[PDB]
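One structure is given below, represented as structure tokens, and several questions about it will come after.
Note that one protein chain of the assembly has been removed; the remaining protein chains are unaltered in position.
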Amino acid sequence: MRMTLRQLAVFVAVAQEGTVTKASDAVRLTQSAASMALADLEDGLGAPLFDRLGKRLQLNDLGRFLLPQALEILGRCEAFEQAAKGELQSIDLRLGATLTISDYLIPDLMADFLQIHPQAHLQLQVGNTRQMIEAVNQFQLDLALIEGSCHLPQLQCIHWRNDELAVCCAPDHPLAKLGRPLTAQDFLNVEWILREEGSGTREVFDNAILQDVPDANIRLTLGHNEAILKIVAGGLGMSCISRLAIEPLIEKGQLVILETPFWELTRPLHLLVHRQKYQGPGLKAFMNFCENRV
Amino acid sequence: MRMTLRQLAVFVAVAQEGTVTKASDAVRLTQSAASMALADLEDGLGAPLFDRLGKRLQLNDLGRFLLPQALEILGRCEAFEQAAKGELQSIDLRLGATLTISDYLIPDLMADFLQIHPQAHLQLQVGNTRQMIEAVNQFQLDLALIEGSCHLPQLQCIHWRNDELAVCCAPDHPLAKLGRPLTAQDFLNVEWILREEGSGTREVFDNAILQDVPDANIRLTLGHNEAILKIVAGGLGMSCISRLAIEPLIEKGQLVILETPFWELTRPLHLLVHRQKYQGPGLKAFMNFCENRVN
Amino acid sequence: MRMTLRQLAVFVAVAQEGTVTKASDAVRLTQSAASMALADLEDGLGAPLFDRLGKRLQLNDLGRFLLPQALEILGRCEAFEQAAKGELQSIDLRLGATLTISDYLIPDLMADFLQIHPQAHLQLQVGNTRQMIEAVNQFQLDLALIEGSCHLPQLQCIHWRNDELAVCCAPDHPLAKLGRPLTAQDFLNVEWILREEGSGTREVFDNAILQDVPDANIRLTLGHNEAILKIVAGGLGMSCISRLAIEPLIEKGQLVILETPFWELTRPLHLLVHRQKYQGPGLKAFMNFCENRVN
Partner (left out) sequence: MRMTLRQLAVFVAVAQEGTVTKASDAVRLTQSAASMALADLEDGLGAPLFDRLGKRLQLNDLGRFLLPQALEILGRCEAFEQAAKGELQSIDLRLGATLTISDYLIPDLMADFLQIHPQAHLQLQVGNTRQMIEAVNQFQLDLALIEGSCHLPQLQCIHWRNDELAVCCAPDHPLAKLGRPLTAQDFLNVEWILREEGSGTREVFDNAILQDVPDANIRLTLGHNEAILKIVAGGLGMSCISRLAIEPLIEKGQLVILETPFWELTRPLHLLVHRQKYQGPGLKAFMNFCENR
């Protein structure tokens, strides 16, 4: 046996960060100490682990195959030291979250997780669903909390909770004061202010509300929940937004919700992990925590 | 067939004037060129558009049937030229904004802009300064409101306003309880909860504070302002973040600002456009609107 | 009026081809005549119509606003030329089509249309639904026949016809021998041979089947309908694919369809056009042929 746990950690860090420089800071080694370690691993194994893309290092065919094995070896070693000293030692997680989850759930969730584990190391990256999927796919994230569809076969979609979107408008919109239940045909000429194409929130509108209003008027598309709601509340215009974002403004008399039972505005929120990623003590403790928010 | 606008103009002028000579004067042409134009049109259509009775030209049934088509074509060519010369475009902007700007300035700014121009088409993308520079450099955005450096010669970085950052901590942080004024040395072993490498907020910290705390304990790196403040108020460490984000928490007694006059925590905010990209009237209206915003 | 139909046609072709050289071939002008046509148009209008990305030309704010007007001016000229002669001068269509449509419907469609209008100029682009939507979005296509979902606001989708997909397998598959009708549970542990993630066929499996076998083994993902069907028939494994592609093999005895009434596998096919594109005589003639070809 030539390889060392330090070398495996460098191999993992380079796969997570993309360069020896970024990887060296993540394992707390000088840059040439890290490059010596990676070179020793590759020379000992008799093959390179990364294709050299001029600048970035990207896992090659062998590196991809070996990466999950390295993560399991490192995770068991962490479990080893834990199982001796008798409790959760080091937590080091790279997390991702989509826009609505990060605005209205992540701050409380991470703060509460750090009250219980004051020593936990957590990185947070925010993006849309497909940016999260690709990050988990590249082993760049340990876990992502997503609000969009979940359909990649090598990734695992663990249902976390359901999120209710709603059609909202200004309190003085004519449809809010209508003396009869609403119909889909009442929204034919509404001006919609929606989330960007490709986001999970926009998915719901396109797959639930666009069917009935195929010529829906959509001039404003914003990748920001608050900007949408301030414009909707600033006069006419409607949006289909998570109740997580609307309800804080319903308290301030800025918005109302229209009853639209003819449209299914559910969506599932998911925890996204790689099916091959060994779940060491760190990750697993965080997943259960997220689940135990029953 | 290969007809021309000139031929349509002569066709219409003859329809309105009755003679080639007066038609040629209307459309600013020689009698020979106008006569030639009408003949080319009729030969292209393969049938006459006028009955010929001496020098006078009278529309025949075909002429009367095609005249409104010609008038519409000529009318829309004039609208085309006027719309271009007068730059009569509607507002149709693809905008970009960095995190702190998007969170605390974009909502009211865009809401107030849409009050004046409620029919404007706008798209907004949110990301990091580096992500915005690339978008603007690829001609994917008309304008970006960034909170970071911009050292690019092909891009034009216009100064918008200033953003004041501050060091904040939970009200009972040991450093918050000191009597004397603070010094940079007091911060050597602070646990820093910071924005990611590549953000402009992290640029302020790296530029000002790191010179005095070389091995600063970067306890956490989070790409979310509120997550940072929640964790700092919860009792873990400090952050260097915009006073726009801190203030509502100061008002609620969840964060305090530590005086650090030995550190310059002022940052410029910039309007970022591509020097080679045409600027329409909508972009110029939004840029002037941003410039005219209070501070 | 200094601008000409020739210049408008160049302006359109550049928007559709992306370079002057490719535009000059589309409008059958030399490179020089084409570049001079665009430059003079821009000079007269007092502003450029395209942003320059090197040799790439992409419409700028003013160009995007004026392009629909140019298309309408040229279409009305096509209509003028035909209304006087009685017959369709130019049919000149840039068409798009998704794979299943391109594999089993377009071939006999264009061949039959070209027998009715033997003078038409047709160009056929092929791709998945995301590309046809983008291609049409840029005005690079007059019309696309798509098999996926239609969600961009600036485009319009006319319901063309329906297409029924079906789970299929080799005749000797264990699930094809059972006597008791099948359940969603029988399909646990099946090896799936599916189309690529960004296709309308994979869209049906992802939203109509995947929610019942979430751990569904998806070992092979192929952007080719025939490759899938040959692999499925050559051993075990199944796919969910259009009956247009399966049924030649079902009647050959190389595949069978498993009845799956617990899954909705019907999906619409659409005609896709830009809402801002003027529908001239040629285009409107083709759209009518496709409508009058269902039943």
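Some observations on this one:
Letters A, B and C name the chains as they come in the text, with residue numbers starting at 1 for each one.
Following the convention adopted for this analysis, a residue touches a chain if its C-beta (ideal position, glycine included) is under 8 Å from a C-beta of that chain, and two chains touch if they have at least 3 such contacts.
Remark: the absent chain touches shown chains A, C in the intact complex. Check A:36, A:73, A:158 or A:175 against the missing chain and you find that the one touching it is A:73.
From the options C:54, C:86, C:118 or C:253, the residue with contact to the unseen chain in the full assembly is C:118. Think of the hidden chain as still there; on chain A it touches residues 1-6, 9, 45-48, 51-53, 58, 60-62, 64-66, 69-70, 72-74, 76-81, 83-85.
Listed for chain C, the residues touching the missing chain in the whole complex are 102-103, 106-108, 110-112, 114-115, 118, 121-126, 196, 219-224, 226-227, 229-231, 234-235.
Rule of thumb we're sticking to: only the chains that are shown with their structure count from here on.
In this assembly, the C-alpha centroid of chain A lies 28 Å from the C-alpha centroid of chain B.
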